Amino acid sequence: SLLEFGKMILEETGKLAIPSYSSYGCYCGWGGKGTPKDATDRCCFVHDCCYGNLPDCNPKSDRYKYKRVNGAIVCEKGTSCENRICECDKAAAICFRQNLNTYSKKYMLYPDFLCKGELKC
């Protein structure tokens, strides 16, 4: 759920998922086509692929729990779906944080028409 993931992002980046990453690049939004604009965008690309590999789940809606062990992110013992959804979000948020040094304001509110050609996971 955008809830737990939203909290992960705000904790790892110090930024609100809405709207710092909700309209970013070609993949940190909704759909997604074309070449990711940068590392942060690639993060969302990989994030989509991760969700894409959970056909048996509801990555976006379904919810889960999680905690933090003296610094790092720690996914709790839930249903595999919730355990994996958690790992997909943890990797993206840490990916975001990792690449904060290249986060670009110009990639926010990115018009999708500028995103062409479906890249493969």
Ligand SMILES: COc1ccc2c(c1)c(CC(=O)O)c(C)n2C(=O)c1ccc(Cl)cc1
Contents of the next structure:
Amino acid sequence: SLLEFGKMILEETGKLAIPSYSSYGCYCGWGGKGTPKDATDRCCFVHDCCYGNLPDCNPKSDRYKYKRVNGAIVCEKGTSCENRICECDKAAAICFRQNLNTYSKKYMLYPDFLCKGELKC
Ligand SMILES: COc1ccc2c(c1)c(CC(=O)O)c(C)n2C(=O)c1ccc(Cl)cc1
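With the form deposited without the ligand already on screen, would you show the form solved in complex with the ligand?
What follows is the entire complex, opening with the chain shown before.
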């Protein structure tokens, strides 16, 4: 679920999901179109695509379970949707962590009109 994903992001990066990753670039918090602005935004594009692989799951509300194994995120067995949603969120959180070195506050609250065209998953 959104809140869990937010906590996972905080644990991983030390940044609050909202507002650090809720309105970032073209795809974080509201993706849809355009070329991702940077690596972090690309994390969101892929996460969007990942959720898109699950048209009959409900990532915003469905809660999954995960544990920490010496820092590593391990998605624990739930329903198929929960397992897949967890792996999507896990990837995004790790991707955010791996790209903190280029994260730019200038992309927070990025305007929609600067995101043009469709980029295929
Ligand atoms: C390819 O791009 C997508 C597609 C679907 C998406 C998202 C991004 C995000 C992105 C986000 O909030 O990070 C959410 C939440 N989507 C959904 O969950 C969703 C769930 C159920 C149905 Cl039936 C349809 C869509």
